[PDB]
Amino acid sequence: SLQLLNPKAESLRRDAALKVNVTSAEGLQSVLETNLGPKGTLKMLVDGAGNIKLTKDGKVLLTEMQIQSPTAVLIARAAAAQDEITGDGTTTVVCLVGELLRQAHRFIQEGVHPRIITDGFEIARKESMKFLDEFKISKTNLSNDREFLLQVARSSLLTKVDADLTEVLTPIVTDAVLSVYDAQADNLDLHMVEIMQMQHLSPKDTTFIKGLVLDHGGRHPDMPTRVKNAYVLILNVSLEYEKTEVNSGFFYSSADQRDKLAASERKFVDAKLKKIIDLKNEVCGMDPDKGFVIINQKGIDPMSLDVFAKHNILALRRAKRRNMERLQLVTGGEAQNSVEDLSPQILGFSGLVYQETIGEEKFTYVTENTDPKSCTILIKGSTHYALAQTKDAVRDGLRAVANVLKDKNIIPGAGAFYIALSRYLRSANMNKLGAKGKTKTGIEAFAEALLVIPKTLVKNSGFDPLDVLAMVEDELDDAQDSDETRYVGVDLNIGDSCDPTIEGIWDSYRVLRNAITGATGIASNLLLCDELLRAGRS
Amino acid sequence: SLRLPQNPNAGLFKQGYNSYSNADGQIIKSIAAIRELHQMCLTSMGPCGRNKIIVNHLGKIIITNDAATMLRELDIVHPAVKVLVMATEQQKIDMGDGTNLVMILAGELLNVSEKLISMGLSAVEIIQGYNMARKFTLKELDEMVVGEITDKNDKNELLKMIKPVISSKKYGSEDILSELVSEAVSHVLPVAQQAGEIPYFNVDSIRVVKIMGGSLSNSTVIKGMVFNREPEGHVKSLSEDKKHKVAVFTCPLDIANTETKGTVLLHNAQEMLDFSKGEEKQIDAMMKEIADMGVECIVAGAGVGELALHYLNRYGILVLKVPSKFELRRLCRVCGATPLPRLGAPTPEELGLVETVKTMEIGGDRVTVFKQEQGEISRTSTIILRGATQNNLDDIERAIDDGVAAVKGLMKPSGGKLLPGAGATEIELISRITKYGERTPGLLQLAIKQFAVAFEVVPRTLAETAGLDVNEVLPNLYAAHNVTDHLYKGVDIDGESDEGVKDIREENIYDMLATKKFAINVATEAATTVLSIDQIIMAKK
Amino acid sequence: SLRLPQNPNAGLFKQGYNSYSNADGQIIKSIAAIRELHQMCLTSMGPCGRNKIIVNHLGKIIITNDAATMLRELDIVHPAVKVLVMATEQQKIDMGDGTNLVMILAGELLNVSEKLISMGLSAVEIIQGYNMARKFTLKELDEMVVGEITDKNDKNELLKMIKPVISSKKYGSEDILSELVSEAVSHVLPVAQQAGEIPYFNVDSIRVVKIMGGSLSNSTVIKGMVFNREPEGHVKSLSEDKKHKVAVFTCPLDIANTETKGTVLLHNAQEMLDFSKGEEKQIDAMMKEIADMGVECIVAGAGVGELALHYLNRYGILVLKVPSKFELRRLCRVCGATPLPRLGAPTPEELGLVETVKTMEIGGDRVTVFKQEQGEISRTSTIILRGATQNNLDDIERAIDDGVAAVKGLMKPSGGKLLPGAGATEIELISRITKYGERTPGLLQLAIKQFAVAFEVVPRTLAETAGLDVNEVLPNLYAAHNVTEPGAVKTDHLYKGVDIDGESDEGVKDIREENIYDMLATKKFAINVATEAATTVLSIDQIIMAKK
Ligand SMILES: Nc1ncnc2c1ncn2[C@@H]1O[C@H](COP(=O)(O)OP(=O)(O)O)[C@@H](O)[C@H]1O
Ligand SMILES: Nc1ncnc2c1ncn2[C@@H]1O[C@H](COP(=O)(O)OP(=O)(O)O)[C@@H](O)[C@H]1O
Ligand SMILES: Nc1ncnc2c1ncn2[C@@H]1O[C@H](COP(=O)(O)OP(=O)(O)O)[C@@H](O)[C@H]1O
Ligand SMILES: [Mg+2]
Ligand SMILES: [Mg+2]
Ligand SMILES: [Mg+2]
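Chains as they are written, first to last, in PDB author numbering: chain z, 2 to 539; chain q, 2 to 484, 492 to 549; chain Q, 2 to 549.
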């Protein structure tokens, strides 16, 4: 009856739209299921311009590839929102949504209405949140031990690159936080670390730096590249005027005023430079090994470069907006706009300042600080995709170690949490039902759908997932009667079980909590949608 | 049964996206695709290598045997080739030497993996096979170095470094091209008894100015720079002025005006009579102080007005435009002066010294000669090339750029040392990797044995491009290492190659140690990426 | 998001195949598709019904109000409409009567079914509601029958049967069209009363000849068949009377030819001289035996050679050409003759009797008159139909065939079994089924009560096409049926019916004086076909079409 409204309108009703939600989610999952786990496949994204991007994360894959199917758009927007807050769980949510639909689609063909199926999802999900509190283990972060942070940070890097580059990047992402902490305020920000993209050495030769690194080099040759003692002066004002707000001009009567009107513009430039030179010599005069460095966010007049060249002052222009807040935390200084108010108290301090020339550009390095409140990570690569592949591995590793400090509770990984929910959701007894036979149908579909995560890990390793999970259920049966609590994981090497706590594999709290809740809502709305309609004016 | 189901995934993604995944293709298929471009580089390898003509869509023809230059101008749709193309780009940017070795070695590592995958060896264990074999390769390169040299100063010491690099490119010239680079390096290096702390060296100290016509043997080395411009106002004084102070001004010579647009405002006619002589005496005051300091040459990057050129012509002061800013700092290093944006008056400490300046035509076009004899130059020089064709001189400039790149790679680290060439090092690495596989049992032995097989392409390419049989000379080369004199065995290119043994120390053909270490790390990582990509995703157009 | 999945796995069938199911309102669209052609036949119902013009692809125009004839030339698309189209064609073939009733009744059963489906009644329960109500409907028709035709032929009784049937088809004048058809029926009846023989009748016996020009009042009835023919040799009025002896030959008149390689063989000039005079003596010897028997007319079934027509003009024997078959077959039924293939002397017992053969100008061309007289009666009489337009001549021919088909209804059953006309038949069934719906417990009473509502279309259509308000006239008619039956017998209220124009306000008193009645044998099959036509549409849950 839709064509009577518009001739060009099309629709698919009841099972016609139901087969779409099951097929489109299964087709999208089949592509992204091969990326789950450390043995997962590596995708190469090639656009029309010729750019190559190697990443195993679903956030970049779904962003570069436009999805024509409307059903998979909900999964893409759900996996995108999962990467925003938790920085992880893109592939996990995609594998859960497609599995919740296929497991529930089998009951629909048996005559089960989708309404009671959505009931079994919400009742079983609330029981999983209660089990999540008992299954998680609280940790003490007051000791700031390295061994605990190395294993948690390595688990995220094993899903990106091989073990050779992982062991190099594991202490880097562990050092990515370090001196950035607060006991009382609880505020933790990962935007203070800087991601530098440059081709130097090899991707495995990268190292961590304890101080800020900038991409701007020395503009004048006489500016010393290496400075032992430098006072960073933050200047947000532009020394070179781009334009005057009120339109004005210079009208000279005689040619003698031409050089005078040109010197009139020389007074405003020298007025800002007069207080800067007096600030350097204010501390101590004729003092070797003590330099003075200025980092400016706006442009610097090339004419004024010779003014600082005689005093051996390093100047940097066109700094990033996020760089100003980082100068206060690293160098310990204070952000200043104009030069009207200066003092040695607002000046920063750095123990080592040097610059290196890589290619046709020069980079500024700052390190050796007393109590730096921020740091950086230098990402080097041998090619174009090496910078994008390592960056996606670090950014996904940053959010992993942050949730450890945000939430002291740590949940073991390696599919140990998904298998534990299987036996718990089989029989709910009289606790939560709400109906006779109506709710138990949706709970059974949600319980068996949580086993896709451990089975997908085994399929990427080339083993039999049914034989691996068979020995898992045999160990959990004897562990209940032996009065011993054991966490059984999945080992992809020998095709046997393991202990995530001993093997060093853990998962974040916010990643698993938002994945179960996020995948439940997407799969529920697709089961509750019986018609797919398209209408509009071209 | 007439039409196919079209698959359900056809509606997923778009029709422009193409997929190549495991068991879906690739898997030694795509490896067979790069063999077309791999054979292109095999014919260009060695002193007998063949140059390749490439015509870009713009119409410019670049004839060179360098793999990094050829793959840059070629538009390649196949994505996995760009992994090898970008691998050769790193070799040219950083080290600048070994671009042909990276493309050939990385291409053979994918060819020897054809047998490994055919035997059922997964790509996961293949990556671990090359990584452990690459670490053992870099550790064995230090014990094979007999060419350790602490000098890096005398000209004869560069015959074992710069000359072997020039032997490959433009093999028709050996002592002619080597003398041009060796003399240019001797000029840019400062004269001192002992220079430590790794004195700074850059590729901008040696330059190449190509002039059409003339034989290559007629070329010479000039300590200054040669630019093509038009002098104005007078003929040079030759040596009558001897050393003359040269002032380099960044801003043009003219009465200083504000950045905003001004105009003349005349209220009465009394200022009109003084307006003509006002601009004359205003700029003359700044030009008079320059002649009092003895400055015979003024260089202003921007355009100089006629009012400023009028005064400088009678005092005999040279004016040179130098429009480009990059070449402006190069003339400053010849005289050793400081670029001054202000006009003011020249200060004695900021002025340089140039012995003589002359204007002559090397190829029929007038150029200005900055050559300075007996003077002090710092990190500046040039090489004037003479050739009949423009395309032949293009690769010669790249051969000089590759010759000075070896000096940069030699000077910056502790040292580049030396390695035996002409297939001597590649054969010695075969016996090291082969014996390394038998020391540690396991499944990685298949990847270690095939890793040494890929080293056989370099020594046979010299024999293949020489018109020799690789089933005779090459097998007889392994028997020569049976056992110092067994490390100096190498490949011979000559009509006398029938014996297949020529001493390397006779011609002194050596390769840098730091170049081979950087070439293997890039070639191994490039071949590792192709085997580590399970699925390929394409796009429309 | 930009483009739909466009029904995945639709490649199982060709792109031209479409699937339509009872769900998604397609069963409602199918009922709505009936109303497009239903209103076309509503304005054509009754004596005031309006004829329709339908132009085919060849340009032929057929103007008729008959639902069975109109649906023939129309190109039907919707599949369930063809169920209604082919249902009206069967009613015209079988009983030759009540064609517009099947079209309207089957369409109203689907209209009342739209409310039944909306209330949730399954297709199975709706079918069972109409089947149980139809069995009760057929039983009440036999209880409400009044009067009978009794004797086969009567001058007055044939005005109570053919006249009300032809009143709806080209109404015009009443007694003019009724006398023309009633006269031709009395001639084809064998009569022979008190003999106990089984009566017999043929619907193809009466033939209607369309002749343009003149007026309807100038039409007459001819006992013999009328053809357009030109006599070859001469025209003869045959005023010498004493009737005639006529013979019919289905084979042509000519020298018998060998079916294989007929060829003239002449060996010598002696056989050539006698070959020309030999063929002349053959026809002379064969035609002499026919002339000696007193045969003044010969009917030929094919082309006759010129040599045979020569000797026929010598003895003054007429020549008739009867092409094809059926035209010659009905000629012998008039004169009572038996055709024989040979050219020899016919048997005197097989010769026919025709008193006069006349040729006169009627519509501008020469027609031959086979008309019979009082004695030596003939069968398969023809009716000369005069009219100004040929379009009126086509439907009146079908209007006469409707009266001829009504005569067939007087043979197979025990009698005529007249029913009250003017829509009084379907109105009385409304009150009877309403009482029947209450006597049946359960949920099946919904389809039974609505089955009687579909009978309200007959009084509403006759009132709407008559220019009267259906809101004022229809409820006033139930006042006669709302008083049920009194404490005394002899109730004449069953004769109330719908009136056309005039004074309105019900009217026409009791229809017994109007003499318009209906046939019981027609209403039996009219309800059965119309019910199965609507049942078939409601019994189809899914409809599949090809190429469109
Ligand atoms: N080495 C491993 N062994 C077993 N399971 C692992 C291993 N590494 C990761 N996993 C499991 O894979 C899941 C997803 O991890 P990861 O790939 O980092 O996130 P995503 O799938 O969102 O990219 C985690 O829940 C974890 O339990
Ligand atoms: N005259 C010669 N005789 C024998 N071998 C030579 C001669 N000239 C060059 N070769 C060999 O040819 C090889 C060419 O290698 P080349 O492509 O220059 O290496 P790279 O790519 O590092 O520059 C050198 O290793 C050198 O040993
Ligand atoms: N003059 C009249 N007054 C009242 N009713 C009439 C009159 N003429 C015809 N009718 C009724 O109209 C009905 C029309 O029947 P119709 O459907 O036309 O039969 P058919 O389709 O066989 O011609 C008849 O049943 C008859 O009872
Ligand atoms: Mg992850
Ligand atoms: Mg070389
Ligand atoms: Mg009728």
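Warning: the hint list may mix true and false statements.
Claimed, not checked - Listed next, the in silico DSBU-like pairs over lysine-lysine satisfying Cα-Cα at most 30 Å (straight line): (1) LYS392(z) to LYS116(q); (2) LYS381(z) to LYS278(q); (3) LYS326(Q) to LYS9(z); (4) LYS326(q) to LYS211(z); (5) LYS136(q) to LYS211(z); (6) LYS363(z) to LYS549(q); (7) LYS326(q) to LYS450(q); (8) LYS140(q) to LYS268(z); (9) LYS244(z) to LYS359(q); (10) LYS54(z) to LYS525(q); (11) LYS136(q) to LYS381(z); (12) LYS20(z) to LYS61(Q); (13) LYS262(q) to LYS381(z); (14) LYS243(q) to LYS322(q); (15) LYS83(q) to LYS268(z); (16) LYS549(q) to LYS205(z); (17) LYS363(z) to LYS262(q); (18) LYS54(z) to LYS211(q); (19) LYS359(q) to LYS156(q); (20) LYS205(z) to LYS409(q); (21) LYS244(q) to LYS205(z); (22) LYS450(Q) to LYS326(Q); (23) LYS413(q) to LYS224(q); (24) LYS311(z) to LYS156(q); (25) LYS311(z) to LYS83(q).
To be verified - Distance ranges between label pairs, derived from CB positions: (26) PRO200(q) to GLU362(z): 18 to 24 Å; (27) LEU266(q) to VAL284(z): 47 to 53 Å; (28) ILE29(Q) to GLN110(z): 39 to 45 Å; (29) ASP48(z) to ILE54(q): 39 to 45 Å; (30) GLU362(z) to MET273(q): 51 to 57 Å; (31) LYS140(q) to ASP465(z): 24 to 30 Å; (32) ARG267(z) to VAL192(q): 39 to 45 Å; (33) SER2(z) to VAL125(Q): 44 to 50 Å; (34) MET130(z) to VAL125(Q): 44 to 50 Å; (35) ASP372(z) to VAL192(q): 27 to 33 Å.
Worth flagging that the hints you see were computed from the coordinates, not collected in a lab. All C-beta atoms in this analysis are idealised placements derived from N, C-alpha and C, irrespective of residue type, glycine included.
(message) When the structure is checked against the list of hints, which entries are broken? Sort them ascending.
(response) 1, 2, 3, 4, 6, 7, 8, 9, 12, 13, 15, 16, 17, 18, 21, 22, 24, 25, 28, 29, 31, 33, 35
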